[PDB]
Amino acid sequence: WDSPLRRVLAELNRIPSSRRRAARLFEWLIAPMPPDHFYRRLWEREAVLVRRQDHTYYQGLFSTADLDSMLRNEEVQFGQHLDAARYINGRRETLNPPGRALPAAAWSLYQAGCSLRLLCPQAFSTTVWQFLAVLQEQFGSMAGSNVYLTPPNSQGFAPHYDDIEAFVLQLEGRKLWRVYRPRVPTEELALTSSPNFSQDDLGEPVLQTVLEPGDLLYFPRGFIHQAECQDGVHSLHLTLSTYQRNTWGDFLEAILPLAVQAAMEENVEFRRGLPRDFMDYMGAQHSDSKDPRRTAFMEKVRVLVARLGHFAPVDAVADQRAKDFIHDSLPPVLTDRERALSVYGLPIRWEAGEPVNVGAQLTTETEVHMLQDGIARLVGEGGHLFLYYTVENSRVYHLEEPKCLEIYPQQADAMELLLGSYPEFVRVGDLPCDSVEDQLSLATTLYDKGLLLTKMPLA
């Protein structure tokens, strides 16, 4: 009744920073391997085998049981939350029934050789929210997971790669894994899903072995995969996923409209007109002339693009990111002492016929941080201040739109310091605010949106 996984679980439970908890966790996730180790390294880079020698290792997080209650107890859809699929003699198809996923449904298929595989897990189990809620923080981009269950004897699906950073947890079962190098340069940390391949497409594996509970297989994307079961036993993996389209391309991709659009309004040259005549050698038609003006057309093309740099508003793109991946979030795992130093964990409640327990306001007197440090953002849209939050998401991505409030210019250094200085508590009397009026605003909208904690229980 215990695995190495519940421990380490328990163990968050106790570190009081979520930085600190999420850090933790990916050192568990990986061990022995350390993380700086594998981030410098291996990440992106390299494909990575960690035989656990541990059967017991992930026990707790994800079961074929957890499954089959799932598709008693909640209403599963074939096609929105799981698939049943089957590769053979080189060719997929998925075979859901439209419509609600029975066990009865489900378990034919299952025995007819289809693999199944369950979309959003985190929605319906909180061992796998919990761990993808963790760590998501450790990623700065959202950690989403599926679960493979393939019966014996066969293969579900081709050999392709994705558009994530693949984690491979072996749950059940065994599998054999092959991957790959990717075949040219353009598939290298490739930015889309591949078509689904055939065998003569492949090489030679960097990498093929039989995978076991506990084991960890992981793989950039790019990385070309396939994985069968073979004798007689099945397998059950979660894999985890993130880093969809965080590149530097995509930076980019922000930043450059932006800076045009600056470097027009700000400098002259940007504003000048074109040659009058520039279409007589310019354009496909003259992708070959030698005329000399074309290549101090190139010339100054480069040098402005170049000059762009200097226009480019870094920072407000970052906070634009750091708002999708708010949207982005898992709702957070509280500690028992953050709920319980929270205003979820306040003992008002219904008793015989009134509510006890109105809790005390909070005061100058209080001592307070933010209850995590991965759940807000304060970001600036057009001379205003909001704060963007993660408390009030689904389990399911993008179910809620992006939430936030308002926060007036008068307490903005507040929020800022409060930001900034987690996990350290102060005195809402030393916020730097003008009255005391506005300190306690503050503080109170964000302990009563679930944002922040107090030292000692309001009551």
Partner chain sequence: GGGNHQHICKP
Contents of the next structure:
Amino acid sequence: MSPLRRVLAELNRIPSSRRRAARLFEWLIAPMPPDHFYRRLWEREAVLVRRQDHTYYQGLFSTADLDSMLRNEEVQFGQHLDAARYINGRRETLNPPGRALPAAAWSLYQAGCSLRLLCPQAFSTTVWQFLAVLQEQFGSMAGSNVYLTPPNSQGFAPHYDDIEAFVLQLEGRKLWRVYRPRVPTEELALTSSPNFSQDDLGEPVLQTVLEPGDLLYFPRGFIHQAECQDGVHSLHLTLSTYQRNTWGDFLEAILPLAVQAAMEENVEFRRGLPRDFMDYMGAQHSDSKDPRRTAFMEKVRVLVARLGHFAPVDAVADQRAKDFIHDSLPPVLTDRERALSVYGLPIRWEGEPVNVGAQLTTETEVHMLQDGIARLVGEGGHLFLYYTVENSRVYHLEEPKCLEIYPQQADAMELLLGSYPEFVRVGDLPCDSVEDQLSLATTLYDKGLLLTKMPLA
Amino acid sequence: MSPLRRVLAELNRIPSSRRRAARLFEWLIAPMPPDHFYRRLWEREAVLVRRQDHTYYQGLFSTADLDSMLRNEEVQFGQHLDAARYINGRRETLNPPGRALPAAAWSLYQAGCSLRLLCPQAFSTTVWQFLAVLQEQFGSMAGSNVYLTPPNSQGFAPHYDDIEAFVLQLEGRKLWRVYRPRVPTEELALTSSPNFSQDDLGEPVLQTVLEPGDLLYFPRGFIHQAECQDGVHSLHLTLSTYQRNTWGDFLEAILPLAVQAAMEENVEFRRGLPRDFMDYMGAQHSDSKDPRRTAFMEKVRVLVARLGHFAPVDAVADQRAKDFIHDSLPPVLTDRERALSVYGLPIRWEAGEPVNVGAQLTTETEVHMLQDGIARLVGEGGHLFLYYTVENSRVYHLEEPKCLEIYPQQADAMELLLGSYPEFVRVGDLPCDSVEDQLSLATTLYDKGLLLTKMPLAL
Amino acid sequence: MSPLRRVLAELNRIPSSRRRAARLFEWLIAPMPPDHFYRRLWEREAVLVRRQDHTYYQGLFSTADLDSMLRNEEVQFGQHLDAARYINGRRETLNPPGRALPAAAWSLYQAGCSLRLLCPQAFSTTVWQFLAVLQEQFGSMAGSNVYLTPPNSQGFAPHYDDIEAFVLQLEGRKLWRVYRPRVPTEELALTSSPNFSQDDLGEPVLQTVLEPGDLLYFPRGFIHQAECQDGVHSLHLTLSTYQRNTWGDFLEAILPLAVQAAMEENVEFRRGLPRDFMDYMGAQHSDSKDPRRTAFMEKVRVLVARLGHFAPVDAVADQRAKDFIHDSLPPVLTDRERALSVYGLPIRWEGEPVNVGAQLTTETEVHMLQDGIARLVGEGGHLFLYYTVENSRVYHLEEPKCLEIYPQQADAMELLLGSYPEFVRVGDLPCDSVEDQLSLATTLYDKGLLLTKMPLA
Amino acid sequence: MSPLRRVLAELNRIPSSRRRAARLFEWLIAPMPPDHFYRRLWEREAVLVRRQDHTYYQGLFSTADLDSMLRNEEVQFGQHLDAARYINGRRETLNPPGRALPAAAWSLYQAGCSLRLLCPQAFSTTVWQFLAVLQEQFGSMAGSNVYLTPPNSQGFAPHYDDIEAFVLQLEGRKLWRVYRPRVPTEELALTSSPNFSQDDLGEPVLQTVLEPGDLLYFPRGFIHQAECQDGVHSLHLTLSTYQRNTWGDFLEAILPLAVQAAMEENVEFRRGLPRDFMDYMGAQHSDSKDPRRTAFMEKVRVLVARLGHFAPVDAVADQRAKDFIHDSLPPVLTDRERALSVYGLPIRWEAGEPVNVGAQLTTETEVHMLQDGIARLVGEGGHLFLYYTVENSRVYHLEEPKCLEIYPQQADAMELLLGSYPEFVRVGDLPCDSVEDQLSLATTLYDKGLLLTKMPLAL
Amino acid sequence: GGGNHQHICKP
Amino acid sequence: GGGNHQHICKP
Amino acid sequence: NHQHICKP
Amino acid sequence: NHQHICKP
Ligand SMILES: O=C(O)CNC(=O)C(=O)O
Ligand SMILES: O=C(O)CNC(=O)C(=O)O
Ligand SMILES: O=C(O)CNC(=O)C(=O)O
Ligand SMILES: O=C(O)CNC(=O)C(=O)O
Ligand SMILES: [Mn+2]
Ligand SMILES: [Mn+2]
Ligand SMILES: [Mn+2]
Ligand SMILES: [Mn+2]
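Compare with the form deposited without the partner chain: the form deposited with the partner chain bound:
Full assembly next; the chain just shown is listed first.
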């Protein structure tokens, strides 16, 4: 049994989804300790993990799967598959309009083009599970792409990306060159870069031949390029994450709401500007020595500084959570979670509906299906429980799913989220009455957001 | 000659437009010094200036002017005129649909309704010049509303507005009641308030009967209400200004640009958020004893503070200025400025052909901006634009941002003219690259009505 | 007193606005009889009327008025004034951005450019009255433009227009050349034409030197060009009308509503098309001899023909009327109509409001202010009275003004419209009660849509 | 082997797609002849075909298939599944928000609710091929809904639909009641009707218990309703077609183009309207004895009639065809068509490289459209486009109009292939200008999956 | 009062 | 319950 | 040329 | 290049 099939079988035996995500990431970067990686490597340095086990990823994704994907699934050019080649220091994309048929796709490949599948998780359920579990421990959307390059060619021009990348070598061998940020403004870049020429690059901080089973990580801002040598092709899956999840983005949300709270709660932000500040403020007077100008600048900085007091941090913290619940991929349930949830109710069609009518009781012991499926957020004057269970494997195919949580149950809905994975007896919920304890539990269970210790009858 | 007519005659004799605005404000609050007012009264206290001269505002606006207006103008109900009454502590607005004909308007008035003429500066040229000049020294759009209340009635319910108000009593008399901000959040409020009941009010910080000529000023947030008592009506013009012109409104623009710049210029803002911050941050955790939480709040405050270094102050200043040029009312020229500008060129049609054609600017021409509050140079994406107000309608935003691009070869000169006001500059002395660059600018400005020559041109 | 000032003084003494419009048109084309013109000339031939009275139009519009317009009014380039010149067989437009100041306008003029004022009726009240009265007898919007050309020059390239044109020579002399439609498709053109070269033109059907006081009429489709000779300029006002007021446009409205009524009232329009009509219909088979194709064509024509039965003619007739009420310019009232309407109520400010409180009585004799101010139209399940009284002198500055007419008054509102200019005693209206007779009368009067025989007290 | 499985096996053995569609329809209404049906029954009468073979539809769709679907697919309530019940003569639809999980769906079913699976062709490949083939001989989009009703209940209130319906009984039995159009306007109605009460109904023109295998057909406008009575449920698939495919709908497109053309080609339509027609035309004059009125009506009728000569029939035909290619479901290929098309090229990944690469079309290649209802050549503004259905989703309009431009140098050839079906054409014999024009077309079509070679390519 | 046969499948 | 001072004049 | 519409 | 978004 390959290390992957084995680690997956190992994950199916782990109760907590949080412990399941941790363990999976632990497996992805092994032997390297996750605490060391996140402390010294993450967002800091480029890292290569020499696995020395060409079967490490066996079962994840292969070229045969991609080939089977072009034949069965409705793989679309541009929308899903991309074909590109790098020649004479120029990036060219050969993308015919329409569906990507095996005959056309392999034609481009044989022609020296590289193929990139944009949404592997939408086709491969294995990749979905991988990303779906790894995202819970990233606290951010775990995207992914698949690159297939033919022998002796380069599909992409040097460049950097706007996400933290984890390259997994699946088949073949490939020569990689990773560079550290060229200038200060490129370190942890906000946006992806254009395609670079060899003249723009300095010396590689890392240059290696990734072998199947190896992992290569590098931060956003780190330029990189790879190429296939004589005799063999290459196939890798690049796991990405942390796109626009910086402190700056958090601020972007905080600030507008901050200046608003302040203007409402503090008169100093409601005081009128100078009747003649235009006489000394502006590019035109950027060189003026008018003392009033320095007073203005001083007043601005002082006021800006005072915003940290009015910043609705927990609010924006929830909004980002809501957006993440929205960005997340649907959860992959373990056999146990399935059997103990609505998804595993023995209610089927045998004739007539058999085993129909399972009822939750004040005795039933329950707890959230997983830890990263739901998030409680308060918008307007109401409270809503956002969840991922009904999310598509296609980024934003569906829209923000939620259900209104009434105050009489808020305390109980908050408890359930916090006490995971501890089984809570429904009858002992922090609500006003039994009708409020059963409704919530029933409403959640039927949604497939909750599970019971023992299968319902 | 009424004080208004005299002061206006005076403004025409004053060369600087900045000085006219100041002088006119001086006249408005006289005998009170503008200096004292802006330093102690403005946005702080309610003020009453018992003029003791019922002719002070003669020539400004009269009830007769209103009657003539509803008759000779297309005064639209709801759009230009509001008829309303206050009774039983309830505010009612009975605005007939359509044009406000004298017959209908006076019928409502007779019925006990107050008439409020929303944009008097659109129908009255005298009121226009008044505001057009006052806006310059206010450094903010100056607007106004005229209120005509019949005897023994109240048109509006007590409330407060979102602007600085200068109530001018034009005819009759009225009993006013002004209150200080009821609570902290109401002090210098951001938006107008709803209609209030007498129960929501405390004691008046000022209660008086305004007589023609008097001026009653009060800051946004100050509740107020008026009414007629004896068998006499009331007519006043409320000049308003400083709407959304606060420090908070300036920060609204700054922040996004700041945070953006901070992210592009400082890696600390580009660092990723904690992987598990949602575990201790959020409404359901406003009480957590998790240290990582306090560290989070601290990091936010530290980053917020650091924004002061990335704030594009000059940029937002110019944008607000640009928006001001846009909100501004067209400039009211002095006979002097006119005769010396393109507007006063003697070229007109006579007999069967244009007469006195050929006015040409020369390098020997001494010039300077037609006025100090008509133009503003602003940069935008490597492009430099000169926004002006000379083509604005007397109707707020009835027109759109008018400008003309300024090429780098003129930037220095254009920047000069804007600061040299009102000092005459020989065109041949403008800091450009070529003589064709000085004449092109000067010509392009003169013809646009943004410049004025020291002597009329006859070449 | 000039013929115009005299005809205007004559119009102010004519009760019916319909008789007032007729008379004015009679004056515009005199000595030519209006019945002859509309019968043999209108839309058929180009006509020149040699007035032999250079004072005929004195008072209408002059260059001094235009000059006074650039100085006082806010005349805008492009929006209002247009400056163009015709040289080397090419039409060039010199339109600087911004306001048209006398200095700039006369500069272009002296340069050899021609000036065209697009909305003379918005500035000149005389032109407004003219157009406002002439439209009532055209049954269509009476637009207008003013052209001023300097000596020895041509402002416009040859072309035709999409409207019936009446050129009025105001000052100077100008050489005109009018051509008859070049080809069948140009006769009574739908849209204005591009600018033509001299090679596109045939021989002029008319070539004359229009003298002040003369009138030159020519149909849409008739190409034309004018030019000023040696020594003098030219100034004319071109009165236009009948834009998109053809039988085709009436159909455009009728047809959609026709096929709809038919499909609802006749099953033959609800019968399914052939299951295989695509095998023999279409450009591809435009050459096929399949008999079914001829059957299809036959079925189409037969069905189309049957639409005349379901055509909601009166409905579209009203919609066009509503649109015309909307397009119309505000009415110009005669002293009498003014004195006998709300606009002449002696209610003013003398102190206090004096003479306030005029009341209509069941004895009051009333009748529509004019004939072309209001139109009754039924939309939805309701009836509305559309009127022009509140219209701006600027095409569509305001929007469709109307007031809901309740059924209990419909019969009375229909009567008032039909009995004009007959004075109807309010007490003898076809309504259900006195409350219904006074309300309507009062509602109309106050709107300035009605007048009384004797001024109210 | 069930009749369905056999007939399907038969369709695969038939070369022409036009013949498959026909043959499949023959199978649907058997023993009744398609000829007789379309000539006497279609859009005229309600029809019942007592099959007397409960296995007739075996393989099409089953309740088990539905159970597996709600479990393995993302069946959304309201979007894919509708649960409803009819009681007290009131129609109620209790659609829980969100995904339809087996537990919830079966709970509603147990409660007396009928389940209606809106787009079965999206989740079932068997149903897809069924409709994908039937649409070809219908010359109109063929859709369907599956209905599952529990014992002793009625899911829907009596009503009529806007499409031609073919009810197929799959499991259990149900009591049906079909009525003829209540009034003239309801005959072949344009839009679906509201929910009706038994009071609005007359006597049934047909009332019967449908048994698995039976087919009940009825035209739009025919009211109907069904219910289960004994302790047995019911499952049927209602195939529908001919929505908005009437003569009136064809005229809707024609007229505007007609009147337009008529105005551009005939001066009679460009003549101006009467100056005073509003004097005798209008609702307030529907009675006027004015002769000019009768002349008006006559002129309208005369002009309306004259439009028949300006009608762009071929244009509207192609547009409707284009819209049909768009509404169509993707074609279901026969093993033959596949193996001989681009879809059946043996080129796939093996070992470490693509195997069997290099299939090249030649001038000696005999070809012809992959099928007869997959493409349609349409002109638009000097541009010629070939619209196809091969890339359409099984979800109606989930994709947009797919096409590829055809240059004039190919128009004749492309027009040939469309009519030559299913006759093989040597590529070197296509009517083009150059050999590069025949290969470019043939190649561009083959690779797109719109063509099929007589023999598999191995060059 | 919900609707009936949904032909177009949009839904 | 109508509004109050209308500063911007749009109206 | 001759624009029948007062103002665009 | 590497598009983090599944499908645009
Ligand atoms: O494989 C290549 O040629 C380029 N790959 C990448 O940029 C990547 O995996 O992020
Ligand atoms: O005159 C009144 O009754 C109320 N007036 C005002 O609120 C004002 O002038 O700002
Ligand atoms: O006067 C000109 O040069 C052109 N005039 C016109 O086209 C006109 O009056 O309709
Ligand atoms: O099955 C039912 O109760 C109703 N069925 C239909 O209306 C149908 O199949 O078109
Ligand atoms: Mn039905
Ligand atoms: Mn106020
Ligand atoms: Mn013309
Ligand atoms: Mn990359």
